Structure formats: C-alpha cells, structure tokens
Amino acid sequence: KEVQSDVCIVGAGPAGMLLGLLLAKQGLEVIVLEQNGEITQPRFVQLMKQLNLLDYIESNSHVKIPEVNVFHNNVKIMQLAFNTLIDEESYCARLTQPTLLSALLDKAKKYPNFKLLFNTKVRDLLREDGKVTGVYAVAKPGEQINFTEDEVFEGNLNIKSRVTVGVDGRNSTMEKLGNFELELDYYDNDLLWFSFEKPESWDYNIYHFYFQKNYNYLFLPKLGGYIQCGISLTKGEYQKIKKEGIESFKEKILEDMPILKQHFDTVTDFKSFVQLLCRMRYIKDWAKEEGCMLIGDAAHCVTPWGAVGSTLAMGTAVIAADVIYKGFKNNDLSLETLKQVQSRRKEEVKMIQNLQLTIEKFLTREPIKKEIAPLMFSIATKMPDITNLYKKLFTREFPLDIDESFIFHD
Amino acid sequence: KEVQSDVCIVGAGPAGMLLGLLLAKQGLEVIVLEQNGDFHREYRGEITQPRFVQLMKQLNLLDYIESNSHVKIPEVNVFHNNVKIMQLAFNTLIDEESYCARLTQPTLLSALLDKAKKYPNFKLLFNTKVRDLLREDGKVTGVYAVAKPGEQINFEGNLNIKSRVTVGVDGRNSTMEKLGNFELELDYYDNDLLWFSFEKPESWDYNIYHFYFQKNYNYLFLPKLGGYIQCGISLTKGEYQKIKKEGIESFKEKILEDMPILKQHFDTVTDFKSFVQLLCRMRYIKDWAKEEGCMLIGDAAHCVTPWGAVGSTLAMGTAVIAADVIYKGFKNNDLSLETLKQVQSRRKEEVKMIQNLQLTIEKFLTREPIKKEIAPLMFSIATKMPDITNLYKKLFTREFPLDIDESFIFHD
Amino acid sequence: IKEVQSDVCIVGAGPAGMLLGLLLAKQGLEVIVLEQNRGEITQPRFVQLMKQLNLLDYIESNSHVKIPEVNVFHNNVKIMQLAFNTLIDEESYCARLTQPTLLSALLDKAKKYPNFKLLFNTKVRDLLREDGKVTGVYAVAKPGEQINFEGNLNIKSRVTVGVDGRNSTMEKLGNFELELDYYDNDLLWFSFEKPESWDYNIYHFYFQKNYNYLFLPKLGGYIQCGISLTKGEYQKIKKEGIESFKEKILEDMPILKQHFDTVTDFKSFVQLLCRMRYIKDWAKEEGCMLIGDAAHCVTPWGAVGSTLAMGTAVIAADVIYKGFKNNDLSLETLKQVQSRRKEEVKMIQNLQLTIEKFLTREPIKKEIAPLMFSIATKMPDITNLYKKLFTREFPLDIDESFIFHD
Ligand SMILES: Cc1cc2nc3c(=O)[nH]c(=O)nc-3n(C[C@H](O)[C@H](O)[C@H](O)COP(=O)(O)OP(=O)(O)OC[C@H]3O[C@@H](n4cnc5c(N)ncnc54)[C@H](O)[C@@H]3O)c2cc1C
Ligand SMILES: CCCCCC/C=C\CCCCCCCC(=O)O[C@H](COC(=O)CCCCCCC/C=C/CCCCCCCC)COP(=O)(O)OC[C@H](O)CO
Ligand SMILES: CCCCCC/C=C\CCCCCCCC(=O)O[C@H](COC(=O)CCCCCCC/C=C\CCCCCCCC)COP(=O)(O)OC[C@H](O)CO
Ligand SMILES: CCCCCC/C=C\CCCCCCCC(=O)O[C@H](COC(=O)CCCCCCC/C=C\CCCCCCCC)COP(=O)(O)OC[C@H](O)CO
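Here the protein sequences line up with chains A, Z and P, keeping their order.
Each number in my numbering comes from the position in the first sequence (counting from 1) with 25 added on.
Each number in my numbering comes from the position in the second sequence (counting from 1) with 88 added on.
Each number in my numbering comes from the position in the third sequence (counting from 1) with 9 added on.
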C-alpha cells in the first residue's frame with residue numbers, strides 16, 4: 026500500500042495525542058501508529074488553560090490533590106500547598122491516562138483530518154533522497170481510526186509522510202532506528218508498587234512521602250477508594266529482597282508502617298507487587314536528519330518525582346506543534362527548522378532533569394548517608410529559596426508562546 | 089592584726105577547698121578565706137562529670153566521696169519534639185568507672201573539709217570579705233581581710249595575711265581579677281538559663297540528663313536533691329525581660345504547649361518569682377600569674393558554660409595541677425613567677441579544647457527565626473557521624489590521669 | 010598575501026595548544042602555532058599525564074613547588090585534610106608550576122624540532138573553503154617572534170585547531186554552540202609576604218564569617234590569596250570603601266594586618282571571573298575543531314583547569330595520528346575526540362557545579378555551607394570522590410610512539 030498522509034506520528038501516548046489534535050485543528054492530514062502514571066502536575070493545568078481545554082479535561086472524573094506532605098518516622102517535616110505557587114489555577118490530580126487519552130481522541134475523531142491505527146507494530150521505511158519518507162507497519166485487525174471505510178489495510182502498509190516524529194515512549198524502538206545518541210541515561214532506583222484498602226484514618230487525595238527506618242514509601246490515591254503505595258529500592262535490591270522471604274519483608278514493612286497490618290495479613294507472596302524502573306534518558310540531538318525528529322519520552326524521559334513526566338512531554342509536543350504549524354506556514358521544514366524544537370525546550374527540559382537528579386540523591390540507602398538523608402531533606406526544604414524550587418519543579422513561569430490559532434475557542 | 093602562713097587561698101569553692109586539702113596533706117600551713125558563712129550559701133549546681141570520677145580515683149578519694157549521698161546518672165538523652173534523637177552511656181567511654189552524679193556542692197565541700205580540719209595544718213576563716221594587700225618589693229606578700237563573725241578551723245576585725253603565694257579562687261564573680269590588674273582574653277555571654285524545680289511525675293525517671301528541642305523553648309532536665317526535677321529554660325541574653333513583659337500567662341501557655349506534662353506544676357505558678365535566672369558566662373584570663381606571689385585559678389580564670397557538667401571538675405582539675413606546682417615549688421624553693429606561670433602552661437590544652445567545644449555546643453541554642461528550626465536537625469546529624477564518640481570522650485572524660493607526685497594519693 | 014600552506018594550524022599557544030604541537034612534531038606533521046600575545050597550580054592528574062609521556066623529570070628539573078595536601082578550615086579550625094599520595098598507588102601530588110615555565114619548557118623541547126612553527130603576536134581571522142570544508146585561517150601579523158620555520162598571511166593547512174582559550178573569538182567563527190554557560194562567582198586575587206607562622210606548599214581554603222578565602226603558594230616565597238565574591242559583589246564592595254573591606258578582611262584573617270597596614274586602595278587586587286563553558290559539538294564541520302578552554306573551560310577548584318585541557322589535547326593528538334593510519338580525517342572521524350572525552354569532561358564539570366554551591370553567600374545558606382562541607386568530607390564514600398576529582402583511574406590509551414625516550 027502507499028499512504029501519503031502529510032505527517033506520521035509514531036506512538037499514541039499523551040504527548041502524541043496532543044501533537045495530532047493540535048495539528049488536526051490546523052489542517053495537516055496526520056497518521057498515528059500505535060503498537061497496542063496517574064498523577065498530574067500544576068504544569069498540566071497551566072497548559073490546558075493555555076489552550077482553553079481545561080474545562081473539557083476537567084469534565085471527566087478526576088481527584089484533585091491539593092498538597093504534598095513529607096514525613097520522617099511518622100512525623101511531618103514538609104508541607105506545600107500547590108495553590109500557593111502561582112496565582113492561576115494550580116493543583117495535582119489523579120487523572121488516569123486512559124481517561125485523558127480517550128477524551129483527547131473523542132475531540133479528535135470528530136476531525137477526519139487525523140488518523141490513528143491501534144494494534145500495529147511498526148518497522149521503518151526511510152527515504153533514499155537524503156531524508157525520511159515514513160515507516161513500514163505490520164498491522165493487526167481491530168481499530169476505527171479515520172481512514173478505513175471499514176476496510177483500511179489489515180497488513181503491510183507504507184506511509185510516506187515527509188516529517189516523521191518519534192513519541193513511542195520510554196521503551197522506544199525509534200531511538201535506535203534514527204541513529205540517535207543518548208547523552209544521559211540514568212537508572213539507580215526502583216519503585217515497588219502495591220495497593221491497599223484506604224484506612225478510615227487516612228484521607229484520599231494524598232501525595233505522601235515517608236522517610237521511615239527500613240524503607241521509604243510513596244502514597245497516592247488509587248482509582249476506587251484505594252491507595253497505591255510505592256517502596257523505593259536500589260537497583261537490584263528487589264532480587265535480594267525476595268530471597269529473604271515474604272515474612273521478613275512484611276515484618277519490616279509493618280515495623281515502619283504499622284497501619285498496614287490488616288492488608289499484609291492476607292499477603293503471602295511477591296506476586297502482588299509491581300516493580301517499576303525509574304530510568305531517565307536524554308538524546309543529544311533530537312533532530313539529526315531531514316524529515317526525522319525525536320520528542321517525548323523517547324528524548325527526555327524523567328523520574329517520577331514531582332509528577333513531571335506526563336506533562337513534561339506534552340509541553341515539548343506543543344512547541345513542536347508550533348514549529349510544525351509554523352514550518353508549513355513558511356515552507357521551511359528542513360533540518361535547520363525542525364531542530365528548533367530542542368533549541369526551545371533545552372532550557373526547561375535540562376533544568377528539570379538536574380533537579381530530578383538532586384531529588385534522587387535523597388533516596389540513598391548506603392549505611393551512613395541513609396540515616397541522615399531525612400534530616401537533610403528537612404533542612405533543605407527550610408531554606409529561604411525553597412519556594413523558587415517549588416515553582417521551578419511544579420509550575421511554569423510563562424505560558425508557551427504559540428500561534429493564537431491553537432487556542433480552542435469554546 | 090597580722091597573721092603569717094605558707095599560702096593564702098581566697099575563696100573556699102570546690103577548687104579552693106581541694107587546693108587546701110592537697111596542701112595540708114603536704115605540710116604547708118594554708119589559710120582559706122571565704123566571704124560566706126556556710127558552704128550552702130550559693131547554689132552553684134549539683135551535677136558532676138566522669139572527669140570528676142576519674143580525678144577522685146587518682147586521689148584514691150572515690151569511695152570516700154561516694155560514701156556521701158549521691159545519685160548516679162548513667163546516660164544523656166536528647167529529644168526533639170519529645171522524640172529521642174541521641175543517647176550515650178558514659179560507661180562506654182572509658183573502660184574504668186565512668187558516670188555523671190548529682191552531688192551537691194555543700195556535701196562535697198563539707199566532705200572535703202572533714203578530712204582537712206583533721207589536719208591542724210589548715211585553717212579556714214568563714215565569713216571574711218577580703219580586700220587587697222600588695223608588697224613593697226615589686227611583688228605580693230598576701231592580702232588584707234576585713235573579717236566578720238563566723239566559724240573557725242584553726243580574729244574578728246581587720247587582718248593582714250602575708251603568706252608568700254596567694255591564690256585567687258573567688259569564682260566567676262571575682263574581685264581578685266581587678267585587684268591583680270588581670271586581663272580577660274575571652275569574655276562570652278550569649279544565653280541565660282531560667283531555672284525552676286517541680287515534683288517528678290510518675291512517668292519520668294530521676295537520674296536523668298535530658299535535653300529537649302521543643303517548638304517554643306529548649307529544656308534541660310536534671311535530678312534535684314530530694315526527688316524533684318530541676319528544669320532550666322534556655323533564653324537569649326535579654327529575652328527574659330521581654331518575656332516578663334508579656335506576662336506569666338503567655339509564658340505558661342508556651343511552656344505547656346512544649347511540655348504538657350508540666351500542667352500539674354504550673355497550675356500553681358502564678359508569677360515569675362518562682363524562677364531563678366542564671367547567666368551562662370564563660371571567661372578566660374590571658375595570663376593567670378602576672379605578678380610574684382599572686383595567682384588566679386578555677387572559675388576566676390576559666391569559668392565555662394554548663395553543658396556537659398564540665399565546670400566543677402574542670403576548675404578542680406586546674407586546682408590539682410596548682411597543688412602539684414606549689415608542692416614541687418616548695419621542694420625546690422622556686423616559687424617565682426616563672427614557676428607559678430607553669431599552671432596555665434599545664435592546663436591550657438584541656439581548658440581551651442573544652443571552652444571551644446562549649447562554644448560549638450552553645451551554637452545549637454540559637455533562637456533566630458530560621459536557625460532555630462535547623463539547630464535540632466543539625467544536632468541530630470552530628471551525633472550520627474562516625475567519629476562522634478571521640479568527641480564524647482573529649483567532652484566527658486580525661487584520656488590520661490594528671491601527672492602528680494605519688495605523695496598526693498590519700499593512703500589506701 | 011603570503012598564502013602559506015603547511016600541514017596543520019593550531020590557533021592559540023596555550024598550555025593545551027603547545028602540548029598538541031609538541032606531540033605532533035614527534036610524529037612529523039608540520040604544525041603552525043598562532044598566538045595573539047592564569048593558574049599556577051596543577052593537580053595530580055598532571056603528574057600521571059607527564060609520566061605517560063616520560064616528561065615528569067623534564068618538568069621536575071625546572072623550578073616548582075610540590076603541594077602535598079589540601080586543608081579546609083572553618084573559622085580558623087581545620088575541618089578537612091587530604092594528602093594526594095593516598096589517592097593512587099603511583100606518584101601523586103599538586104605543584105606550583107607557572108605557565109611561562111611550562112609553556113617555554115614545552116617549546117624548548119619543541120623548537121629543537123624544525124617541524125613545528127609558532128608565529129607570536131598574530132591576530133587570526135577565518136579562512137574557510139568553498140568546497141564545504143575548512144582550509145585554514147587569515148592572520149594579520151605584527152612585530153613579534155619567530156620559531157624554527159611580517160604582514161597579512163593566509164595559512165590553509167587542512168586541519169585547523171582552536172585553542173584560543175576562555176576568551177575565544179574562534180567560537181563564533183566556526184558557528185559553534187554552547188550547551189552550557191556558567192558564571193556565578195568571582196575570585197579577588199592578591200599576594201602577601203608569607204608569615205613566619207605559615208608554611209609554603211599550601212592549598213588552604215577557609216570558611217570565615219565575612220569572606221571565603223583560598224591560599225596558594227606564590228612563586229618567590231610569598232602567598233597568593235583569593236577572596237571569593239558573588240558576580241557583581243566587587244562593585245558593591247568598592248562603593249563601601251577600602252577601609253570597610255580591609256576591616257572585614259582583618260576580622261576574618263587577623264594575620265593579614267601587616268600586609269594590609271600598607272594597602273590603601275583597590276589597585277592591588279585582581280578580579281577573576283570563574284566562568285565555565287561547554288560546546289555541544291566539538292567537531293561540527295570538516296577540518297574545524299575546538300579543544301581546551303575554548304571548548305570545556307572549568308572553574309578553578311581542585312586545579313583541574315590546566316591538566317583537563319591537556320588531557321583532551323592528548324586524545325586529539327592520538328585521533329589525528331590514528332586517523333591518518335586510514336587517512337580518514339573527516340567529520341565522522343573528527344567527532345571521535347568529543348566521543349572519547351565526554352564521559353570524563355562532563356563528570357568534572359558536574360562535580361565543579363556541586364563544589365561551587367558551597368560558595369553561596371545568601372543569608373541562611375552562608376552559615377550552613379561550612380557545616381554541609383564538613384559533613385560531606387566525613388562520608389564513607391568521600392575517598393572515591395577525591396579520586397574522581399584529583400586523579401585519573403587509567404592512563405590515556407595512545408600510540409606508543411608518543412613517549413619521549415630520554
Ligand atoms: C547556678 C550555678 C550552677 C552550676 N551548676 C553546675 C553543675 O551542675 N555542674 C558543674 O559541673 N558545675 C556547675 N556550676 C559550675 C560550678 O559552680 C563551678 O564550676 C565550681 O564550683 C568551681 O568553682 P570555684 O571553686 O572555682 O569557685 P566558686 O565556687 O564560685 O567560689 C565560691 C567561694 O568563694 C568565696 N568568695 C567569693 N568571693 C570572695 C572574696 N572576694 N573573698 C573571699 N572569698 C570569696 C565564696 O564565699 C565561696 O566560699 C554551676 C555554677 C552556677 C553559678
Ligand atoms: C544541645 C545542647 C547540649 C545538650 C546536651 C549536652 C551534653 C552532650 C552533648 C554533646 C554533643 C556535642 C555535638 C557537637 C558535634 C560537633 O559539632 O562536632 C563536629 C562533628 O562533625 C561535624 O563537623 C558535623 C557537622 C557539623 C555539626 C554542627 C556543628 C556545630 C554547629 C551548630 C549550629 C547549629 C544551629 C544552626 C545554625 C545554622 C543555621 C543555618 C566536629 O567534630 P570533629 O571531629 O571535627 O572534632 C571536634 C571539634 O574539634 C569540635 O569543635
Ligand atoms: C568550597 C570550595 C572547595 C574548597 C576546597 C577545594 C578542594 C577540595 C574539595 C573537594 C570535595 C568537595 C565536597 C563535595 C562533596 C559532594 O558534593 O559530594 C557528593 C555528595 O553530596 C552532594 O551531592 C552535594 C549536593 C550539593 C550540595 C550543595 C551545598 C549545600 C550547602 C549550602 C547551601 C544550603 C542549601 C541546601 C542545604 C540542604 C542540603 C540538603 C558526591 O557524592 P554523590 O552521592 O552525590 O555521588 C556522586 C554524584 O555523581 C554527584 O556528584
Ligand atoms: C524525597 C522524595 C520526594 C518527596 C516529595 C516529592 C515531591 C517534591 C519535593 C521536592 C523537594 C526537593 C528538595 C531538594 C532541595 C535541593 O537539594 O535543592 C538544591 C540545594 O542544593 C543542593 O544541591 C543541596 C544538596 C542536595 C542533596 C544531596 C544529598 C543529600 C542527601 C543524602 C546524603 C547525605 C550525605 C551527603 C551530603 C552532601 C552535602 C550536601 C538546589 O541547589 P541550590 O543550593 O542552588 O538551591 C537552594 C534551594 O533553593 C533551597 O534548598
């Protein structure tokens with residue numbers, strides 16, 4: 026087959042869904058290819074009001090989290106209310122990606138200009154003329170999209186689409202295909218997830234972090250009146266942890282957090298946990314060719330602290346959407362103009378990563394630094410200039426300068 | 089009235105009394121002059137240090153001293169918002185016997201005097217204010233004392249005590265400093281301690297060395313003789329006057345907010361007349377022996393801030409070295425300035441390394457708006473450092489015994 | 010006029026540039042040095058590098074003072090001490106080695122080889138190539154000096170290297186990009202007569218109440234002192250007047266009363282800007298490359314400056330010779346220099362950023378910086394960081410021909 030949809034978007038993640046909808050509202054016939062966190066930041070609310078999409082997003086079900094609290098040995102040592110960072114709307118929210126992804130498509134399917142092909146593993150299809158034409162995708166039945174007529178193409182397809190963007194995600198095959206380079210690749214700690222019944226004593230819209238004797242815990246609201254917890258461990262510590270047996274692991278967890286005694290009286294194995302790798306990649310040059318460019322997690326994946334991940338990629342997509350809409354508005358979509366995305370996001374993307382690196386330094390479990398890290402954190406948050414850090418970690422100082430046409434008027 | 093004597097010790101404090109006793113066992117006829125009648129005149133505190141236990145063992149006096157009433161304090165505990173952040177047992181500092189004790193000064197002063205009146209070689213004239221009496225030969229012969237009725241150990245009007253070497257142990261508030269034309273190299277005063285005692289609750293123990301970092305104030309808790317607990321509230325110089333202006337009601341409210349177990353005691357507190365304000369003064373004299381036949385030691389020379397219970401035993405330690413200088417000074421008839429200036433040459437190392445250590449500790453008592461919240465966190469971090477035990481040993485114990493003539497040991 | 014060709018041009022005769030030419034004269038390529046006309050202390054990385062090139066004895070013959078250890082003070086009380094011999098099993102120490110002595114010593118062993126050439130007092134403009142490459146440079150000369158080889162000249166010499174330094178004009182000519190540009194603090198330098206109380210081979214840093222001080226040995230029995238100030242604070246200091254500034258300095262460091270009993274103005278001080286740069290792509294064209302301070306200038310803490318650029322120049326000299334073993338000295342091969350130094354350069358800089366955070370003078374952070382430094386130096390893993398700051402784990406793998414046989 027041969028599809029000529031002017032632009033192809035590899036990956037149907039939250040960054041891509043925003044790239045297509047902001048380009049389908051422009052007119053460019055885009056084709057999205059998909060092979061198949063829950064907490065948002067005040068940066069997310071700023072972006073949605075910027076495009077006047079907040080009410081549309083806020084219409085769905087979501088739980089607003091008003092503040093972060095950090096404890097040490099079951100005593101509070103830090104408290105920040107997000108409403109106190111910027112004068113505009115500012116808060117964290119429990120908004121699952123399926124909820125946000127479908128709401129973004131519900132307003133995107135109404136525009137036949139876009140097209141998304143679900144359950145389609147995609148290989149590469151470059152161009153011989155010193156550029157990239159598109160990709161080659163081995164499909165699989167099941168999709169609606171906007172170019173099917175109930176027929177589409179349930180097999181091999183060639184989509185020659187001029188400029189090809191890579192938003193596959195953290196586990197991206199597009200990193201290698203484009204012959205890119207990872208300037209920074211970070212991974213030191215894991216998060217061991219598990220849910221439990223929220224006790225009558227606790228609240229629900231919670232962003233709680235605990236520095237306890239044996240492990241450090243992260244608590245978030247889980248959709249359904251439950252609380253999802255994440256224990257922070259060193260890279261490789263989980264394997265050693267399973268060897269010592271569930272009885273010792275439970276005895277240590279209940280020693281730190283005695284309120285989880287009821288929940289772990291039923292836990293008898295390690296099959297209830299979920300290990301997640303807190304990696305953090307960075308690509309040296311996001312646009313190294315003509316018609317080829319990397320954005321999103323494929324370029325600037327980050328650690329989960331601060332809820333920066335989901336909303337940081339989206340912000341880069343919006344700037345790319347302004348370069349792409351302005352790139353066809355001046356007929357300059359070459360390498361020199363496509364690389365302007367990274368030249369505009371370098372400031373915010375790097376400052377966030379370094380700050381994430383500094384935050385990660387508190388998760389150390391080496392024998393002497395471990396005992397003083399909570400005490401250090403309490404001192405750190407008590408500095409005069411801590412509020413600048415909170416503003417830099419959670420909010421944007423100025424809105425993204427884009428074409429006024431990107432605002433959704435009603 | 090004229091009286092002669094081998095050595096005159098102005099002031100009968102724990103350093104002055106220990107100096108005389110170590111000299112009556114030597115033979116030198118000493119005369120001690122104290123302006124107060126009985127030993128229990130000034131409070132002067134009641135808590136001793138492991139250094140005190142080691143120095144008494146050097147003189148084979150530990151059993152004689154421990155014979156009296158005393159309460160042994162086995163460990164120090166530091167809390168932050170009523171949560172323990174530090175704990176140290178003095179028995180783990182040195183392999184020998186090591187502990188703090190609640191031993192009142194009148195008890196120790198009378199116990200030392202009971203072994204000194206038995207030697208007719210000594211003499212203490214209680215209730216005798218002492219003015220100055222220099223020597224015409226570019227030196228000091230003794231002192232001139234305006235006496236008063238009191239006790240006697242071996243006159244009732246003007247008296248001149250010309251006794252060659254005259255020691256000044258007058259104390260922190262010493263008149264000897266100005267008479268001898270001395271010089272203060274270091275003069276420190278930053279904080280006050282507001283003392284008050286209360287009935288020990290059933291919840292607490294008694295032999296306690298507890299320091300609390302609370303929201304409003306910091307509290308020190310120690311055993312008070314009689315089963316009570318004496319508390320000291322830490323204030324900055326001049327803050328008390330401001331507190332009294334705000335009234336006992338606001339102050340009691342703030343104390344109870346930090347220490348709710350004191351509601352019982354404060355249901356009876358209705359004014360500030362129940363507290364005792366104490367000035368944490370620390371001083372250091374540049375040259376302790378600047379003339380011939382005259383000397384300062386003890387608190388008159390190097391008084392220190394209370395933390396660690398170093399004060400009594402640090403002054404007594406300098407008195408013990410002074411007793412070694414005078415005993416070997418009469419054994420060679422060399423009691424000149426070059427020989428009397430040897431005391432400071434032997435005490436400078438330990439006295440300066442403790443005074444500077446005190447300065448660091450006092451820095452945790454800061455009450456400025458942001459540093460106040462970080463001083464407990466800083467304290468918790470330091471006490472979790474690998475080499476912290478070296479500091480505890482330096483603060484509470486002596487590494488080696490004071491090298492003195494073997495004749496100073498009290499029999500066996 | 011005078012379209013001189015030659016084989017290679019190195020713009021800038023800095024410590025990095027000079028060593029690059031001498032490592033090429035032992036190879037054979039006729040090099041041309043261009044100079045238009047700074048840190049007297051080197052680190053143990055320097056001793057490791059000179060042993061690799063068998064040059065240690067050659068420098069140690071010259072005048073130099075070996076500094077064996079750092080001491081960090083807080084209110085005149087020592088809170089850290091580290092001896093460099095305890096870092097690597099080989100020879101390891103700091104030294105006071107003035108740049109004129111090291112720069113001339115490299116030239117005394119380079120002038121003996123007629124293969125090299127350095128044109129002193131020559132401002133250099135650009136001279137690209139019309140065929141999508143770089144031929145050389147255009148230099149407006151002046152009365153200067155001569156090397157073993159007087160008006161406008163164009164030197165088209167295939168590969169042209171930029172070692173101009175921190176104040177580099179060739180950064181702009183090559184259309185380069187600064188990935189990182191840092192500048193937060195200044196150092197106010199002044200020297201004084203070493204008191205009888207002090208030593209000489211000193212690497213002393215003091216956390217005091219008013220200012221933070223650095224003490225280093227000054228060539229000639231004096232001590233050179235550097236006061237740390239925030240960007241723009243010097244201007245504010247001078248308005249307050251020299252009397253106040255001297256009073257505050259003597260408050261921090263009363264031993265300087267004698268030296269400052271004669272100071273009556275600010276003309277005796279020398280302000281230095283602690284800048285730090287990093288170029289995203291060190292070789293972005295064909296035949297054009299930036300190394301040294303022109304590419305990765307760094308802050309003075311640890312004496313990393315001189316020895317770090319030379320390390321990059323040495324790898325660059327090996328890339329050119331091993332690139333000529335296949336005669337592939339194109340952009341794909343010239344990008345090999347940055348691909349081999351990225352790991353070590355980006356680690357020294359990040360450490361320097363963290364070190365620099367201890368120089369903060371903001372109202373609350375200022376009192377706790379000495380306290381934070383003291384804790385960090387007491388960590389179990391501190392010796393590891395000292396190794397990464399002061400020494401290189403393994404010598405640079407280069408052609409065996411680079412060793413100077415006696
Ligand atoms: C309120 C308070 C509490 C303390 N608590 C403690 C504690 O818990 N632990 C601890 O280790 N230390 C404590 N100290 C320190 C301790 O009191 C001294 O460190 C110790 O007593 C050494 O004193 P000294 O003999 O050098 O002088 P002092 O004990 O001050 O000398 C007092 C004697 O000097 C006499 N005298 C004074 N002036 C004259 C004069 N002009 N002529 C003649 N005689 C004179 C007095 O009459 C009296 O006999 C405390 C001090 C105070 C003020
Ligand atoms: C709190 C009042 C006392 C109450 C109980 C009294 C009895 C016993 C407690 C004694 C504990 C004393 C702990 C002191 C630890 C400390 O500072 O030592 C340090 C331990 O190691 C460190 O450097 C740890 C980091 C610094 C810790 C704090 C230093 C002192 C500062 C206090 C000010 C805190 C308030 C906040 C100010 C800043 C706010 C921005 C130095 O010891 P060293 O090995 O270098 O040798 C000793 C040195 O020579 C001493 O000068
Ligand atoms: C002061 C200038 C230096 C003068 C002498 C120069 C010579 C030698 C000194 C060399 C050693 C300097 C000490 C550096 C200690 C240090 O940072 O160690 C680090 C560990 O500590 C850190 O990461 C420190 C982070 C930055 C500290 C900034 C200084 C804070 C001080 C004052 C401002 C107060 C605001 C913050 C207070 C609360 C802190 C939590 C390296 O180990 P790591 O675990 O991070 O692993 C390595 C990783 O790759 C990161 O590097
Ligand atoms: C802990 C998990 C997250 C819990 C809450 C989740 C969400 C959000 C909260 C994020 C808060 C992050 C606070 C980090 C503050 C921080 O380090 O900032 C830094 C402060 O400077 C530093 O780099 C301080 C040290 C960073 C931490 C180093 C490691 C400390 C922890 C454990 C090891 C202890 C031994 C080593 C100590 C080394 C000396 C510092 C920003 O730099 P700055 O000085 O220019 O900024 C000052 C700032 O304005 C006020 O501090």
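The hints are simulated quantities; they were obtained by calculation from the structure and are not laboratory data.
Beta carbons: idealized from backbone N, C-alpha and C, even for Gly.
Worth double-checking, as some hints may not be accurate.
[Unchecked claim] A short, non-exhaustive set of chain A residues, derived as facing chain Z with CB atoms under 10 Å:
| # | residue |
| --- | --- |
| 1 | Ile170 |
| 2 | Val177 |
| 3 | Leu258 |
| 4 | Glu396 |
| 5 | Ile397 |
| 6 | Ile404 |
| 7 | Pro409 |
[Said to hold, decoys possible] Sample of chain P residues lacking proximity to chain A, with all beta carbon distances greater than 12 Å (derived):
| # | residue |
| --- | --- |
| 8 | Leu62 |
| 9 | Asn194 |
| 10 | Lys240 |
| 11 | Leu380 |
| 12 | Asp390 |
Hint-by-hint comparison with the structure:
Here the hint on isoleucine 170 of chain A is broken, as its CB sits about 58 Å from the closest CB of chain Z, past 10 Å. A cut of 10 Å between beta carbons decides the hint on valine 177 of chain A: the least distance to chain Z is about 63 Å, and the hint is violated. A hinted interface residue such as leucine 258 of chain A counts as satisfied when its beta carbon comes closer than 10 Å to some beta carbon of chain Z; here the least separation is about 22 Å, so the hint is violated. A least Cβ separation of about 5 Å between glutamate 396 of chain A and chain Z falls short of the 10 Å threshold, and the interface hint therefore holds.
The interface hint given for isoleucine 397 of chain A is met, as the beta carbon of that residue sits about 5 Å from the closest beta carbon of chain Z, less than 10 Å. Taking 10 Å as the C-beta cut-off, the interface hint given for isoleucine 404 of chain A holds, the closest approach to chain Z being about 5 Å. A distance limit of 10 Å between C-beta atoms decides the matter here; for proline 409 of chain A the minimum to chain Z is near 7 Å, and the interface restraint holds. Every CB of chain A lies more than 12 Å from the CB of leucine 62 of chain P, the least distance being 31 Å, so the non-interface label holds.
Every CB of chain A is more than 12 Å from the CB of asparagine 194 of chain P (nearest about 17 Å), matching its label as outside the interface. Residue-level check passed: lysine 240 of chain P sits 16 Å from the nearest beta carbon of chain A, beyond 12 Å. A Cβ of chain A approaches the Cβ of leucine 380 of chain P within 12 Å, the least distance being about 10 Å, so the stated non-interface status is violated. Distance check on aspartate 390 of chain P: its Cβ comes as close as 7 Å (rounded) to a Cβ of chain A, failing to clear the 12 Å threshold; non-interface status is violated.
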